[PDB]
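Number of protein chains: 2
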Amino acid sequence: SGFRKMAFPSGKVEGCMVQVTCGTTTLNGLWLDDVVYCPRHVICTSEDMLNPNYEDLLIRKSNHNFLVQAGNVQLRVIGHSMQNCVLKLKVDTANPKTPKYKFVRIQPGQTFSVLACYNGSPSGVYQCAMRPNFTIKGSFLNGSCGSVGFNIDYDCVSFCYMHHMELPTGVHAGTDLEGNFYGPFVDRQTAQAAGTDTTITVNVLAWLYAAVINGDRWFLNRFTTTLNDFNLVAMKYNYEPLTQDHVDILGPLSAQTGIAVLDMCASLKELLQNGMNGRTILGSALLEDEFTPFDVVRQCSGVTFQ
Amino acid sequence: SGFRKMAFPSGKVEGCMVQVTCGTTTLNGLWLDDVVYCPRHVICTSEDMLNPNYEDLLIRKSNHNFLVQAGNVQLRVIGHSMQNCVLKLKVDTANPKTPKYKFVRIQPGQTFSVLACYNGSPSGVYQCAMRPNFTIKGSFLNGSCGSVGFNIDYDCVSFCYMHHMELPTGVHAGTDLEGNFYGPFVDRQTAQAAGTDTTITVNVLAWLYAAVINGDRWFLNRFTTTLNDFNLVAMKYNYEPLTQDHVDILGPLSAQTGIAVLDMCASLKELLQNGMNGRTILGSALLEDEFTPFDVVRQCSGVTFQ
Ligand SMILES: CN(C)C(=O)N(C)[C@@H]1CCS(=O)(=O)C1
Ligand SMILES: CN(C)C(=O)N(C)[C@@H]1CCS(=O)(=O)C1
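First to last, the sequence lines map onto chains H and W.
Number 3502 in full-length UniProt numbering belongs to position 239 of the first sequence; there are no gaps in the numbering.
Number 3291 in full-length UniProt numbering belongs to position 28 of the second sequence; there are no gaps in the numbering.
Careful, some of the hints might be misleading.
Stated by the list, open to error - Output of the computed footprint for chain H on chain W, the stretches with three or more beta carbons under 8 Å from beta carbons of chain H:
(1) 3300-3306
(2) 3366-3374
(3) 3457-3470
(4) 3482-3496
Claimed, not checked - Calculated pairs, DSS-like style, for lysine-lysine (alpha carbon to alpha carbon, straight line, at most 30 Å):
(5) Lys3324/H with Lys3400/H
(6) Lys3365/W with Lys3324/W
(7) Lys3324/W with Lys3351/W
(8) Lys3400/H with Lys3351/W
(9) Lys3353/H with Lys3363/H
(10) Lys3365/H with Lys3360/W
(11) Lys3400/W with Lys3360/H
(12) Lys3400/H with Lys3365/H
(13) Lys3353/H with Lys3365/H
(14) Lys3499/W with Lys3363/H
(15) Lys3365/H with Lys3351/H
(16) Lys3360/H with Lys3365/W
(17) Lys3400/W with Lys3363/W
(18) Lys3400/H with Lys3363/H
(19) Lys3324/H with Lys3360/H
(20) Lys3353/W with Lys3365/W
(21) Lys3324/H with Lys3353/H
(22) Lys3363/H with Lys3400/W
(23) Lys3324/W with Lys3360/H
(24) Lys3400/W with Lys3499/W
(25) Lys3351/H with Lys3400/H
Derived from the structure by calculation, the hints contain no laboratory data.
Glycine included, every Cβ here is placed at the ideal spot set by N, Cα and C.
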């Protein structure tokens, strides 16, 4: 027992990180097979970032202008192409450490691991959720761009995120591995609006199930509710509306604990209206929304990768 | 910017995890050079765990009774010895993935990464602190024993923890890699007392510096204090006493932010006396104590490993 914000083991992704340099800009790339994927803004000067014409900037770049380094080894670039907001650099060597992998576009509320990197070297790993406003709350400094987010399914790495930028508010935006931004964001040094950061209701309920499994039971109340009643309260507190699809996904946790999903919703409703009165749940003083129902099952049942 | 509970990249340690089986008990071992390290309680039946005589139990075990599996490969055990609460199994093959490494015994308040494993396979990675009562608050299920805690210094892995057990209160106890428990705990299924879990004051102050660096400034107050005044308040709230050694360690953070350590102590004193009034700091509703001053510098300056 115990319940922790747990990332996937990072080794499979560590073996894919390289350094990409174009002129005076260095960031991270992802080397899979004989392609290196990186943020197209590698081609930009700080001046360019104000109003970049990526097509025009790219015309001045040749294969030999992209410096790709895998630890000590230089990779030879034999082709380059722009796909949305990423560059695909074709190299003459397939990554010998390439894992089984997929490119997936995740939905808001879904979680993933970030391997934060600088100059193609890993600094750390942490768990993130795609926020309902399509931002993530990460830890990224200058040079971290091209760091990736991923999930592992036994032996297959599903890459879902590449880091591209920080909003003036200090939240993070990026793309899938086809170079399409999550949300309405663009790779330009312009003021960009994050909308309302709503709480991922289904994830809060999953974590309340985790709390019960782990003996943290004080918040269980005598009440039930309905989806419409709960949602009328969820709306007021900027919680995502809970759907029958969400109830269905929580079924296995409901079954393990013997607590009906709607009873757990009534507990959550009282926690929203009354707060925690200075108490904690799994060591948090607020309602945690970065565990999915799949995350809770996974952690509470000890599923393995290799 | 942003500030996250960040583990070390896990790849170097993933390459060291193996499965150890003795009779009907399976747990994890750590394969470094031609030695596999594991919890000595691998030799125990659930009956044995009530009052084990490890010396007597060990007499009935031969090299061929320890089944060691590295993914698909069986390792051949050519020797075994008990060191405190760990077994050292000598194998005929040096781990080809052995990193540069050290065995270190950490102090309470120090942080490390855990790679949670089952049957020699990694499930996840998270950051822990050695609590002042020498427990850790982990995420460990049946089979996780022999999972290790570690720090990385560029290319060298410092192993500091091996998981051995859960207290009836759901906190975790284990050893250094010489098999000496942290704290007064024993590898026996007996009721064992965790003492007071005090807050790591120096770590709270480091995280308050991280908050300021990351623009979360609302808690900065107009006051200062002294070490004796602050400590009189720290004691009442079960905070560890702050020493001049602690002030010294916070010097670089004090220098970066221009906030005197004692001014930050006066801010912390008001947060203890008055609480957060429903506000957050780096997305927490409580004062976080599992970042060291070294952790904050490291994360805020993007230091790299390989
Ligand atoms: C592309 N990179 C690396 C960035 O972080 N940006 C340009 C931010 C966009 C919004 S901003 O102008 O505040 C900075
Ligand atoms: C050795 N292992 C794997 C354990 O977790 N224990 C025996 C705990 C000691 C205290 S207990 O008796 O509650 C269980």
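Legend entry - Enumerated hints in conflict with the structure, sorted upward: Failing hints, ascending: 1, 2, 3, 4, 5, 8, 11, 14, 22, 23.
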